Amino acid sequence: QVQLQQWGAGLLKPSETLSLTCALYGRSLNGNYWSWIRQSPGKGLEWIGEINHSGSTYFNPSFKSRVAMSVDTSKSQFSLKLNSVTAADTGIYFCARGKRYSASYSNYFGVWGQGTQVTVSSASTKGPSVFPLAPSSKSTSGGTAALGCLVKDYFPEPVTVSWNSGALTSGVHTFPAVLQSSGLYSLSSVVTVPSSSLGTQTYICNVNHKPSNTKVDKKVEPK
Amino acid sequence: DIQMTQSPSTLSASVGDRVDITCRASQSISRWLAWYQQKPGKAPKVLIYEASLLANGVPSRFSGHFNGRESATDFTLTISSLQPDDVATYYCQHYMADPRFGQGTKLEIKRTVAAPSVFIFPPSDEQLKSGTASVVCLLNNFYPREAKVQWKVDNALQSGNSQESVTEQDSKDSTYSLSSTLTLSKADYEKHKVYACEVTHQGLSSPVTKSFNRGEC
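Protein sequence lines, in the order shown, are assigned to chains G and B.
Residue 219 in our numbering sits at position 219 of the first sequence, with consecutive numbering throughout.
Residue 1027 in our numbering sits at position 27 of the second sequence, with consecutive numbering throughout.
Source of the hints: derived by calculation from the structure; they are not laboratory data.
Please note that a few of the clues may not be correct.
Taking beta-carbon pairs under 8 Å as the criterion, some of the chain B residues facing chain G (in silico) [what the hints assert, rightly or not]:
1. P1044
2. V1046
3. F1066
4. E1070
5. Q1093
6. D1098
7. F1101
8. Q1103
9. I1120
10. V1136
11. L1138
12. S1159
13. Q1163
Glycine residues also receive a C-beta, built at the ideal position from the N, C-alpha and C atoms.
Sequences and hints are given; from them, build the entire structure.
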């Protein structure tokens, strides 16, 4: 039942400050240091620094000129600030449980937050358009039909797609997002289903673009 | 700092195969080494710490090895018999000083050839009101990953106006899926009739074409 949940703004312009918070459930912060770790496509996994329940900190020297961390024990929360961001700070940022006071050499990471995607860009937030990929006879095969949703023209990442409010998971493929020539992302989510069901089953793609607070429920019907 | 070098960059193996991945520290780190598994879109999960101790919940097919000496620099992660859910990138990390990670090893699964099922989708009327038309070609549940997808409009080969995306390898059946998306202006879409995607793949004896005609029942 021990878990870390994190949040914070994921679109920043260059020179702005990154601010993230992590919340711990199922135990208190006492007894461990708590770390921030990021992952970028070009530099891989990088440890940023750590803090304990008393607010003592130690930072990777590569970040010491720009980083701050704080802790609020009354909320079992801890925070990261990274000043003066550049494109080199785009990446996925994770909080994690680190070393235990009871063991000097124990700074591996056994519990992690879910990650926050941070994009440093001049481009503005934009929510997606959602269009049906309608099943047809040009989309059927030996009793199997394919259908989907095109999630187009949004920024930044990420978007989440579910089907039928989460009730439909078998046969779903949600493609990695790709940047279009416009500079906006697009992806499709598809699912294969019995062609026997097109007759009678409702298929809804539920799209959530949290960066723009956009939600769309698109019904996908044969044309 | 102490730097970690992982080898190989990528590894392909079949289900049931033994797998070895290695990590070298730039100076001695004793047993202060952890191994992680990461799936796309998720946090890493620890597999091994103290170089050879399995973490809770980790299946017995994973093991960690080193020479057992305080001077150790060289470490191995072994999967005795690979399972389909093991497709992932694997990372080492030392904690002899400031934590540092290796660059990762991407583990891919080899399986039998599977031809794609091919589907084509016309643009929606809703989208056409915006001035653009997207046409989507889906290649579903195939292996290996390499495929060629060519678009034709009224049988004229298209270049420069399509993009592809490929899924992560499936953790149950080890297949890939692929989307190819053709972007046209509404005017260009309305002026032409036949829209076709042509797919070449190892599992197809000859290329498959899926097509539709704009405005057909």
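A quick look at each hint next to the structure:
| no. | hint | in the structure |
| --- | --- | --- |
| 1 | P1044 | holds (7 Å) |
| 2 | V1046 | holds (5 Å) |
| 3 | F1066 | violated (15 Å) |
| 4 | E1070 | violated (12 Å) |
| 5 | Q1093 | holds (7 Å) |
| 6 | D1098 | holds (6 Å) |
| 7 | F1101 | holds (4 Å) |
| 8 | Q1103 | holds (5 Å) |
| 9 | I1120 | holds (5 Å) |
| 10 | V1136 | holds (6 Å) |
| 11 | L1138 | holds (6 Å) |
| 12 | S1159 | violated (14 Å) |
| 13 | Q1163 | holds (5 Å) |
Hint check: violations occur at hints 3, 4, 12; the rest are consistent with the structure.
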